[PDB]
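Engineer: Listed below, chain by chain, are the residues.
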Amino acid sequence: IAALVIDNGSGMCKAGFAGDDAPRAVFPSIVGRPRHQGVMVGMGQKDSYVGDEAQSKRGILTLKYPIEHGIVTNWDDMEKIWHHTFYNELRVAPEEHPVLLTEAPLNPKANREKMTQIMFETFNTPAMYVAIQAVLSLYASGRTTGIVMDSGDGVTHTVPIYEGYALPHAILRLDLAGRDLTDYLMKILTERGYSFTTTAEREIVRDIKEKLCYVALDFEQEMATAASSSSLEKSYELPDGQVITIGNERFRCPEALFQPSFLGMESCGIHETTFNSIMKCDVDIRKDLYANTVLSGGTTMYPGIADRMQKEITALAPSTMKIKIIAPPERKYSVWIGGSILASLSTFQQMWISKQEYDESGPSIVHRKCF
Amino acid sequence: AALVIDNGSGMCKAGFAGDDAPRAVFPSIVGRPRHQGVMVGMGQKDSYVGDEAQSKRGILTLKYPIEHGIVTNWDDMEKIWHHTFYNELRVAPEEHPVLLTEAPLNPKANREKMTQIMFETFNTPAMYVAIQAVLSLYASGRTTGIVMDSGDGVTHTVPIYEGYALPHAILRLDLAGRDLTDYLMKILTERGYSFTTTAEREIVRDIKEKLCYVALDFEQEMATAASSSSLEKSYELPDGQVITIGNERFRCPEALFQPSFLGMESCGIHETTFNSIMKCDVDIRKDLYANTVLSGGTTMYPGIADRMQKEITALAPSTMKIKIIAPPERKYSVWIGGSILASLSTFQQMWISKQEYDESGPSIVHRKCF
Amino acid sequence: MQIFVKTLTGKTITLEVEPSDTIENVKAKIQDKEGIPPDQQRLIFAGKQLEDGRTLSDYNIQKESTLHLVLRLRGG
Amino acid sequence: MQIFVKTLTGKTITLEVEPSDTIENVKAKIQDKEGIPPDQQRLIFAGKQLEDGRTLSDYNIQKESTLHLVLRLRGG
Amino acid sequence: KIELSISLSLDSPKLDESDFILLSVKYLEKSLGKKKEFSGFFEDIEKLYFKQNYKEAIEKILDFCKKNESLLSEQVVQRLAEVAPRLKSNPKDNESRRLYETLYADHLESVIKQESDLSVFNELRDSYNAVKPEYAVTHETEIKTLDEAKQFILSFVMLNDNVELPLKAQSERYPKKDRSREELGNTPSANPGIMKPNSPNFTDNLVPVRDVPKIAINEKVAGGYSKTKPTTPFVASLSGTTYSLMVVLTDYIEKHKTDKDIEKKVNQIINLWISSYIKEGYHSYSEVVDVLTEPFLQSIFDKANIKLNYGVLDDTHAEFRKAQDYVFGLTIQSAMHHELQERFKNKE
Amino acid sequence: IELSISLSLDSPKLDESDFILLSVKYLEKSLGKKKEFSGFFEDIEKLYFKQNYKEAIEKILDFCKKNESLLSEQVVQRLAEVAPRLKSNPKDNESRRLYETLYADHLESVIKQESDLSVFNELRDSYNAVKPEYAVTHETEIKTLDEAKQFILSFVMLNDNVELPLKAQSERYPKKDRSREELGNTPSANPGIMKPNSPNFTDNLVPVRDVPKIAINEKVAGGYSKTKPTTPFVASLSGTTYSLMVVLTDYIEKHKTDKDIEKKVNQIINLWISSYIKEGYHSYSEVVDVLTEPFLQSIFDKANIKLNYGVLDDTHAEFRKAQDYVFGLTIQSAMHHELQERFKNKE
Ligand SMILES: Nc1ncnc2c1ncn2[C@@H]1O[C@H](COP(=O)(O)OP(=O)(O)OP(=O)(O)O)[C@@H](O)[C@H]1O
Ligand SMILES: Nc1ncnc2c1ncn2[C@@H]1O[C@H](COP(=O)(O)OP(=O)(O)OP(=O)(O)O)[C@@H](O)[C@H]1O
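Chains as they are written, first to last, in the numbering used here: chain Z, 184 to 554; chain E, 1130 to 1499; chain P, 12 to 87; chain A, 12 to 87; chain B, 1372 to 1719; chain H, 951 to 1297.
These are calculated hints, taken from the structure and not from any lab test.
Virtual Cβ for every residue (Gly too), placed ideally from N, Cα, C.
Be a bit skeptical, because a hint or two may be false.
Facing chain E, a subset of chain H residues (Cβ under 10 angstroms, in silico) [to be verified]:
1. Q1024
2. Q1027
3. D1075
4. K1294
5. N1295
Assemble the whole structure, with the sequences as input and the hints as a guide.
Structural biologist: Now the structure itself:
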């Protein structure tokens, strides 16, 4: 009876059941097939490994990250992610539980339809809904209007939402995200003598990143505090046992977000991009948007993201404006929580795309029901 | 080392060249679960193939991609071939050239798709596709003749001359072992027994292969049985029960000669052999009447050999010379014809290389492998 | 060459440059290594804030010279 | 560069511009001589309504260009 | 699930008159079922809707249901009756209508595609090239594709404010226009037609992003079109460029008074003009129609025997259905957006 | 679908008509409303009506080849195997019988709306002039379509005297297959061409009435039932058509000038057809094939009358109800076969 929810995310699929305030299961959205030598020799119909076992077995497999950049590239390698999800990870039979799915901002008209098709056709979901992750996130804030800065593994979008509608005119995409930061931290930590170059080594530079890294209010004051004092330095126990010390690298990496010149991008930072999108809306609605800037995502989880963003967008904006950056504490899974919420809403029971409707109208029913 | 595969209607007989027996024979059935609860927790196992699918029949829905000779589902035959190459034979297809068998009169489309599926999906370095019956003849030692190929699904009477299976004369019958397992069940049910379930069909195949035989004159044989218990034999069902089977032993394979037993208004295996031989140039008929090789597992019944002659000496001219040649290892004759060919030195040029696949597309099959 | 630059915590950043290099370059190479903006940078050697334009040679900066780095705290 | 702008009554307001002049400037240079608010103004040359953003250079406006002036009675 | 899905929609506070009509007929369509016992009804209601006789349809809707209350559900019927006396349409927010009308333009534009040999437009060229003010450019290329034709009919805007004025002087309706002169600037939108940029639309009907202009309502005008016709979507209040079309059209009519096929033809220009104006965003239907309908203008046609369809079309259902679902969802969402928020005000 | 379709295709009583009705169904649903294929179906519906089953079969199979990427192979295969051995037997062309009977109602209703019944009030006289003295004179007025029918069907009285001078010229009538045996009457609750004992839909059931039984001479060379096996046999061919043509040849000569003689002659000819199929006297092509003979067409040609022969632009309704008949009748063959093979294990 429960409704499965699923964040077809860029780097991590996050899925679960409706009542839950937590994504029950998350796994890398990656799928691999044996690369060479036909190691599928004894593997009965195991020509594909998806999920946590796709990074466990990496040299044995060539990995194609689908849903990278936010939009589903390979539909055949995504059904498998969905199989993994329904059957293997969530231990459910799709045919019995309705499925809310998430789509990125600006999913081409077409991609949405094929998603509707796969669920009803391949999985026989009793019902379905496809939603813009960012609208969902704002929903957990409790807001129907605002701007969400959705930052994740491969795609950062800034979605102004007015009355539940992701305004397509404002949505801006910064193809800078967490992976680029885990890779930046490797770069900066390498120049301090450590050696993090292996794909295996990227995965502990993601722990160092998440566990230690933070966004400094003023990079300049904080770069100084690091040369004028050793307080910022922190120590990480590499799994080899080596204890490494990370200091100025703690804020440098998350700064790549506010100044992406660090990665060779001439693009605007997350602060300017927000403004450049709030300024692509009617003067009338920008007001509420500035007062309702929800930060959702996981690259938004860096300590100090909020305080700095206020500082930065109060400087690109009118001096009378009420700039308020709202970062929920559970933002990593907000997209999903918003969805778990909607699914458990009663009114929503009538907003679902039933199988009967699919039969009658085909795949494009998505367009008319799930705006 | 080349690997040979018989895309049989009922069993996939495969193995390696130079051996004389299929290393691995399994049913050509593929299963996908019926309900989604099974798949819950398994690893991308939307497909159980072979004897695993027979085993797990109830939880699955079986499809016979190669029933009646031609490959209907190419999605599923990929899975049959995977099992064979990787799981059953434990080989990587990328390193072994593959000889495949194609039914008589396989459309030009099917042949092309096979060449593609192999070189594309399995990276085979080389490939050859070849009519099953020419191969069965090859084991017999002949390049000219007619092969009564019988099987689980389709029986073809193919006339071959100098290695070319003549398209004009090949005939096809849809009487085969599966039908004979089913006639036997019915006939044994009438005697009092009860063989209706699929498990029950399973065992009526062993009271078929083991006990059954073809009688030379049915009428005398029906009499022997109604006058003597010489014919009767006993089978121990595995439910701990013994059954007695008598007239049913020859009535069952008679369905071939008299398919009316099964409703078919079709010509029997004797007349079909005549018809193909009569849809051929007179000059070559003589040689075909004396090189009538039998290939198949339904032709493995005891006695088919002598009866066939009785009936085609009566359907054919008086002075004719007629030989029905049944090698003792004929269930796997197609394959052994292949193992013979593949292992040949001269055949090392008839292979279709990957180099040539790319140059000409899936249609190089036609140019090299007729 | 291998000039050394000392932050106030005492740690040294070892930079390698040629005397054909403007301090502007030297300040920047520091940025590449440590992230420090070059406008935060004030490099002091032999008592004087080294002017960016003039090369290392103008101050007789030489091998293993140990330059010093005060990072202009501003904005805060 | 003296362009002549012609009203409907046929009269010409001879204006002196430089090519870099955005049309928005030219409209308000007309608010100088005759007082016509720029908004009321719709300026036309080569069967095109000149647009505020683009410069007169962009429409190949040269020494004598009789740009024409329609003004807008949008009052009611 | 219609019985409740509808009542949930009725709950929406911002229900326009256009919506009840659209939603009701849906309940009635679905629940009653397609029995041709009542097909006369839906056809008038979908025709009166186009012609903006909302109150009439409302009456008919309520009484259709009064008679068929046995068949239907009182719960919906009673509600339909409580919300009805208070229904009102705000021009600036007649969103459902803007969808009906943007889409109708396409149907209408598709009609003309088949109907026209594009003869009239190749003959209206001469009338334009004559009444053109000198500042304008003659059209001398052949109008063969129908996209060429729109460009032409939309270049009648060039005749504005010169030739338009004598014909405009006689309007008793134009003096009540409410475009305010605030030149609030252009805004982007990816929504088609007369649709508002920040308003929801089906993901299939999304034109590429452009810069639509923004216009405002004086609201101090008395008898303004907007206050007389609150049932009209407001993109600029009224077309005076119609008067410029009529300068051209008056001429075509005179110059081709004799021709037998004049009626049909004038209604390919009058009607394309309507399509394109609602399509390219310039004005709504009633903002063009309600200037051409004025008595003084009709005399031109009447005295030359031209009865004008005004684009009324045989079938508007496609757009009725699509609009029914718009309101359906735009309205069940509103309800979600209120339960969502009674669950976040019910926390802490 | 794909199960229901195949189960059905297995009936050994499948006829060309059934394949066309059933095939299109799978095709309609599976392919769905892409409308890229809209014209296919609609032509096939017309080809079906015109008893051109062969071509339709070709197109049906060939459509599939081109659009096989979108279709289940087992089906397209079974269809491909079953179709070359498809035959129609006139004694039991059951599907067409339902289609034709319902097509009579469609035509009756069409003629109804398009007719002021004037023609029948003008044809009224030609009859009264060409009538054999034996016959009564219709001097009343025709204000109901049902009175038009009573009238037209009574040209049966002109038979055997007036009819013969025209029958002698026909080369098709000599090959009539109505056996001369007077087998007699059996009752039926089935309308029109439909056979008495055969199944029907519980809505299309007429009141019980006696119906006639007629038989085929199978010893007639060039038998109609052989030349057009696709046509269900109710009485083989109509000669009362020659009596119609006696009246009509007159009305045409008596109104050669009238402009709308095409329309008018085709409300007569098209209700003749409706009434015959509807009332049970003969099938569609049994009448049409008579009126289409070169000699009879001459009267029309000379008068510039182009006959539609009842072809109607929308036969969808009928096809649908015909598609459903075949579905169930064929699926019930299968249940019954399984039942048989369950009771076959019993006894
Ligand atoms: N402090 C942090 N804590 C946890 N994760 C972090 C942190 N900083 C960055 N991340 C990054 O967040 C990324 C995961 O983002 P998320 O869970 O939102 O998935 P996603 O791919 O962004 O999906 P979606 O776009 O649908 O939200 C990881 O790459 C991780 O490195
Ligand atoms: N005496 C017998 N011994 C073995 N098999 C028998 C015997 N009699 C009948 N059979 C049937 O033979 C079937 C297998 O035959 P076979 O493998 O030749 O079929 P096939 O795969 O179509 O072969 P081919 O590809 O050579 O035509 C078995 O399923 C069995 O039902």
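Engineer: I'd like to know which numbered hints this structure contradicts. Please list them from smallest to largest.
Structural biologist: 3
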